[PDB]
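Peer 1: Take a look at the letters that make up each chain.
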Amino acid sequence: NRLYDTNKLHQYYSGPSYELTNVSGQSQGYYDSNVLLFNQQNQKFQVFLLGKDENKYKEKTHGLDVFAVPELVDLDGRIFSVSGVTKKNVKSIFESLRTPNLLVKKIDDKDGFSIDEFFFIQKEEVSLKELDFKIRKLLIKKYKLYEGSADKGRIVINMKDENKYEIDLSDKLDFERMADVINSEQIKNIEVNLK
Amino acid sequence: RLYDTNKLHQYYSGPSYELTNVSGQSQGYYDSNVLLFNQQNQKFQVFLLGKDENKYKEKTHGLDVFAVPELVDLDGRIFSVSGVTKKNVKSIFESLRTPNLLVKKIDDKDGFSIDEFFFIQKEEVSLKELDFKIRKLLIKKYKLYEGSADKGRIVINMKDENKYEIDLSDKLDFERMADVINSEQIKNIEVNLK
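Residue numbers (PDB author numbering), protein chains in the order written: chain A, 38 to 232; chain B, 39 to 232.
Hints are computed from structural coordinates only; laboratory data are not their basis.
Every residue gets a Cβ at the ideal spot worked out from N, C-alpha and C, and that includes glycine.
Take these hints with a grain of salt, some might be off.
Pairwise CB distance ranges, derived in the manner of DEER restraints [what the hints assert, rightly or not]: (1) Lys-89/B - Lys-81/A: 39 to 45 Å; (2) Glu-154/A - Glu-199/B: 48 to 54 Å; (3) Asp-198/A - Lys-124/B: 40 to 46 Å; (4) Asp-148/B - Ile-152/A: 56 to 62 Å; (5) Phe-131/A - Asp-148/B: 57 to 63 Å.
These stretches of chain A come out as covered by chain B in the derived footprint (C-beta under 8 Å, 3 or more residues) [what the hints assert, rightly or not]: (6) 60–72; (7) 196–203.
Here are the simulated DSSO-like cross-link-like pairs (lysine-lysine), alpha carbons at most 27 Å apart as the crow flies [stated by the list, open to error]: (8) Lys-174/B - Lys-142/B; (9) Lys-201/A - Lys-128/B; (10) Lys-93/A - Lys-125/B; (11) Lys-142/B - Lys-189/A.
Build the full structure now, drawing on both the sequences and the hints.
Peer 2: Quick look at the structure:
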């Protein structure tokens with residue numbers, strides 16, 4: 038009933054992900070969706086532009102990064118994923134490297150905690166999709182998220198200008214939010230509250 | 039025999055069009071009720087020949103239409119039958135719909151069973167669309183109407199044990215093209231080729 042929802046979340050966030058870099062593409066119609074196809078590595082991809090990206094790559098675009106997670110894989114091995122597209126780094130890896138604190142907490146009377154987790158972001162421009170997936174992946178492996186221990190909660194990304202991005206851990210990140218992009222240099226910290 | 043098979047092949051391997059989020063009201067054209075649309079840069083006339091006959095008397099909005107040409111009139115308007123449904127309210131990956139698609143052929147010439155999956159993007163899908171896409175794929179991958187695969191059936195099993203059965207020997211009956219199906223209720227699809 039409710040446990041079935043958690044099993045699917047566990048399955049997805051503990052599953053495969055892929056980081057593609059400096060990709061070139063152009064959007065094309067796949068029924069009533071606009072998608073990007075490509076073959077980096079020995080894998081084939083099809084990225085559905087379902088959010089703010091819906092109408093941005095009509096002409097051939099170079100220098101893209103793509104964080105992909107399979108929603109499904111078709112019969113010829115092509116991986117269907119949603120958004121997760123950004124511009125590649127302009128500077129070198131160590132110049133653009135950010136290590137904001139990842140604070141993981143549970144404020145329960147006699148079963149609580151507050152732990153600083155190391156977290157690093159390699160990209161200058163990073164999709165919320167990538168942050169969401171990597172953070173949950175880490176929560177599943179180190180805090181038993183979706184394994185009958187932690188089940189609900191949120192991830193809060195705090196920016197230097199004080200705006201925040203918030204994600205509810207009770208369900209998968211909204212498909213229409215997976216195209217949101219964040220300037221990693223501007224992330225002040227990230228806080229997770231488990232319950 | 040040979041003339042019918044080729045007619046089925048060109049029909050099911052031929053063009054189709056998908057209109058999304060359209061508006062309209064039915065009108066008359068000779069002995070039938072029809073809907074007229076002008077989406078993209080193409081003109082259509084959909085014949086409401088089944089359960090849809092009087093469904094669109096009032097102006098209706100947010101419709102999806104699966105069109106296959108039965109013929110193109112002198113002015114270039116495409117004549118198609120039914121295939122009208124309500125559009126999606128959620129993303130195509132939400133509660134993702136990939137019912138199993140089993141394609142079998144066990145007889146003297148072959149002996150196989152392939153179990154793929156059919157990605158149904160619409161929450162509400164016409165039997166017309168299912169019929170057309172299944173056959174289009176059978177032609178392309180299993181050479182239906184192209185040599186050995188000439189007859190057979192498509193069975194769409196619903197979760198409540200009810201089902202839709204379609205004979206591959208002929209074109210889907212025009213009166214069945216307005217049958218709408220809740221995609222989330224399809225359990226599996228089984229194709230038996232002979």
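Peer 1: Now look at each hint and say whether the structure bears it out.
Peer 2: Results for each hint:
1. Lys-89/B - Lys-81/A: 39 to 45 Å: holds, 41 Å
2. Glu-154/A - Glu-199/B: 48 to 54 Å: Once the Cβ atoms are compared, 50 Å apart, the range 48 to 54 Å for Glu-199/B and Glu-154/A holds.
3. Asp-198/A - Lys-124/B: 40 to 46 Å: At 43 Å between Cβs, range holds.
4. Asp-148/B - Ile-152/A: 56 to 62 Å: holds, 60 Å
5. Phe-131/A - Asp-148/B: 57 to 63 Å: Given a distance of about 60 Å, which is inside 57 to 63 Å, the answer is holds.
6. 60–72: Coverage by chain B holds for the segment 60–72 of chain A (3 residues, Cβ < 8 Å).
7. 196–203: It is violated, with 0 qualifying residues against the three required.
8. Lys-174/B - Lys-142/B: With Cα atoms ~16 Å apart, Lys-174/B and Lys-142/B stay inside 27 Å; holds.
9. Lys-201/A - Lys-128/B: holds, 26 Å
10. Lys-93/A - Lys-125/B: Holds, at about 24 Å.
11. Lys-142/B - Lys-189/A: violated, 45 Å
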